[PDB]
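A.B. asks: Now for the letters of each chain:
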Amino acid sequence: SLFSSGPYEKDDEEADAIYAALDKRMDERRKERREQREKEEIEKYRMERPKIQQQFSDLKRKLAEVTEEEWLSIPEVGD
Amino acid sequence: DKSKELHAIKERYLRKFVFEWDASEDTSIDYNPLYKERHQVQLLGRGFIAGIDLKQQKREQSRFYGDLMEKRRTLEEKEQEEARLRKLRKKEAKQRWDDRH
Amino acid sequence: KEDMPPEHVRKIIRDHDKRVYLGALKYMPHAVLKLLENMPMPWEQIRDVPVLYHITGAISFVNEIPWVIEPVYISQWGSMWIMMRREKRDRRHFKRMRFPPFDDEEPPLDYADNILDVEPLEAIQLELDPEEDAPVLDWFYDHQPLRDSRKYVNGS
Amino acid sequence: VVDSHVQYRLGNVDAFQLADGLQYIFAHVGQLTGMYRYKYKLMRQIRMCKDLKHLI
RNA sequence: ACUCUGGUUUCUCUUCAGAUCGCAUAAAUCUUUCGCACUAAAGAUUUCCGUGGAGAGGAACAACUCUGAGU
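As given, the protein sequences belong to chains A, B, C and D, one line each in that order. Residue numbers for the first sequence follow PDB author numbering, so the first one is 87 and each next one is one higher. FYI, the numbering for the second sequence is 242 to 255, 270 to 356, going by PDB author numbering. FYI, the numbering for the third sequence is 58 to 73, 84 to 223, going by PDB author numbering. Residue numbers for the fourth sequence follow PDB author numbering, so the first one is 557 and each next one is one higher.
There could be a bad hint or two in this list.
Unchecked claim - With a straight-line cut-off of 30 Å between C-alpha atoms, the simulated DSS-like cross-links for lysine-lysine are: (1) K58(C) x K96(A); (2) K597(D) x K58(C); (3) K609(D) x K595(D); (4) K597(D) x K345(B).
What the hints assert, rightly or not - Label-pair distances were calculated between CB atoms; the ranges are: (5) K137(A) x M61(C): 53 to 61 Å; (6) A103(A) x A201(C): 54 to 62 Å; (7) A103(A) x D205(C): 46 to 54 Å; (8) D322(B) x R163(C): 29 to 37 Å; (9) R114(C) x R120(A): 35 to 43 Å; (10) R123(A) x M604(D): 27 to 35 Å; (11) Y594(D) x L145(A): 48 to 56 Å; (12) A201(C) x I104(A): 48 to 56 Å; (13) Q140(A) x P175(C): 42 to 50 Å; (14) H610(D) x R293(B): 19 to 27 Å; (15) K85(C) x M604(D): 55 to 63 Å; (16) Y178(C) x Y131(A): 23 to 31 Å; (17) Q316(B) x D115(C): 41 to 49 Å.
Think of the hints as simulated: they come from the structure by calculation, not from any bench. Even for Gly, the Cβ is constructed at its ideal location relative to N, Cα and C.
Start from the sequences and build out the full structure, keeping to the hints where you can.
C.D. replies: Pasting the structure below:
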């Protein structure tokens with residue numbers, strides 16, 4: 087932002103609140119339908135778009151079951 | 242034309272901000288004469304296209320409707336038409352009378 | 058929320084914590100579009116319009132919309148075309164502006180000083196003969212032709 | 557455009573001259589505005605304005 | 001010919017609208033398409049440009065010309 091976030095004040099808070107309220111009011115025309123459609127699309131994409139984290143999420147959840155002896159006896163891969 | 246017509250029959254059987276659209280991208284190059292020189296929309300000798308100069312549009316008329324009008328109208332109708340044309344010419348002259356330098 | 062005379066807005070513009088001004092500046096393109104839409108037609112000499120003068124004064128948007136009766140606008144356009152053809156065929160020594168305005172770096176001219184005083188020249192209003200233009204003699208030229216005729220138009 | 561309107565209302569040029577100036581400031585204005593480089597997509601609108609100018 | 005709920009204008013809000021919502025016409029993103037995409041098409045999405053429907057509230061001046069209705 088070209089305007090530094092530093093120089094704010096209570097009048098700045100009031101002006102920002104008024105501007106944000108106006109923007110939100112002017113953005114609520116198709117906001118409900120757009121939000122519902124986007125949520126449905128995200129749910130659909132969740133079927134074919136697993137995060138790398140999600141990929142190993144099931145394994146990583148069960149992986150914590152290894153005990154301290156199990157988590158310390160892991161041999162070096164050189165042998 | 243003729244060779245172009247035969248070639249067309251055979252064919253049917255088998270960065271840079273360009274400002275002005277070049278004439279290469281234009282259409283309406285038709286080999287056939289019937290679809291190239293077509294009779295214009297002569298509105299029964301009483302109308303013409305829009306925008307173009309009314310005097311120029313009426314001057315370049317086909318005169319086909321005018322011949323029928325002058326060979327079919329009655330003598331009294333001809334006199335009334337002559338009076339109307341005289342009135343129109345007088346109006347044009349009055350317009351021409353207001354032009355000076 | 059009663060209105061105010063434009064003189065106050067003009068004085069504020071000539072006179073004017085940068086919070087309020089910066090916050091409301093986010094809608095300049097809407098004001099530009101409104102100004103483009105509400106430009107005067109050739110048939111009109113001066114077209115007074117209502118605007119929304121911001122308290123900070125960063126952007127003033129013309130609240131009005133250019134709603135015009137279709138046949139009246141078509142007639143105005145046809146009369147303008149006829150008058151333009153006549154002027155072109157008559158005033159062959161036509162010197163179009165065909166150049167940017169002289170303010171390359173000059174300050175913007177004060178609309179109060181150099182624009183609110185000189186009476187503008189006559190616009191392109193084709194002559195109206197009362198023999199055939201009588202029913203539309205007064206209704207032919209106006210900023211809003213039927214802004215008051217209840218019988219002819221819906222109203223304001 | 558606003559300055560051309562002001563000049564029309566300042567008595568610098570005639571109303572017909574103002575209409576000609578507006579026609580110039582709208583048609584064949586891509587050279588004057590130079591907005592094609594900023595957004596290449598506007599070149600379609602510029603070509604449409606050029607075609608409208610040619611027809612008119 | 002008796003009477004009667006029934007005035008329009010205008011401002012604001014909410015909600016719905018795939019009807020040419022608009023006899024007008026843009027923008028952006030993704031997707032597929034041959035490139036090697038202002039100069040290009042297709043499918044979708046989204047925001048503007050501004051509408052119609054209905055409801056609700058408000059202030060201006062018409063009170064029954066009108067029409068529907070109660071003869």
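A.B. asks: So, for every hint listed, does it hold in this structure?
C.D. replies: Hints, one by one, checked against the model:
1. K58(C) x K96(A): holds, 25 Å
2. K597(D) x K58(C): violated, 43 Å
3. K609(D) x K595(D): Holds - the C-alpha atoms of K595(D) and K609(D) are around 22 Å apart, at most 30 Å.
4. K597(D) x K345(B): violated, 54 Å
5. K137(A) x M61(C): 53 to 61 Å: Between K137(A) and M61(C), where Cβ atoms are some 57 Å apart, the hint holds.
6. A103(A) x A201(C): 54 to 62 Å: Given a distance of about 59 Å, which is inside 54 to 62 Å, the answer is holds.
7. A103(A) x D205(C): 46 to 54 Å: For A103(A) and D205(C) the Cβ distance comes to about 51 Å; the hint holds.
8. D322(B) x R163(C): 29 to 37 Å: At roughly 44 Å between Cβ atoms, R163(C) and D322(B) fall outside 29 to 37 Å, so the hint is violated.
9. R114(C) x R120(A): 35 to 43 Å: holds, 38 Å
10. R123(A) x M604(D): 27 to 35 Å: For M604(D) against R123(A), whose Cβ atoms are near 33 Å apart, the range 27 to 35 Å holds.
11. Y594(D) x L145(A): 48 to 56 Å: holds, 51 Å
12. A201(C) x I104(A): 48 to 56 Å: Holds: the Cβ-Cβ distance is about 54 Å, inside 48 to 56 Å.
13. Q140(A) x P175(C): 42 to 50 Å: Since the Cβ atoms of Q140(A) and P175(C) sit about 59 Å apart, the hinted range of 42 to 50 Å is violated.
14. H610(D) x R293(B): 19 to 27 Å: Given range 19 to 27 Å: holds, Cβ gap about 23 Å.
15. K85(C) x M604(D): 55 to 63 Å: violated, 41 Å
16. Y178(C) x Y131(A): 23 to 31 Å: violated, 55 Å
17. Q316(B) x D115(C): 41 to 49 Å: holds, 47 Å
In this structure, the hints that do not hold are numbers 2, 4, 8, 13, 15, 16, in rising order.
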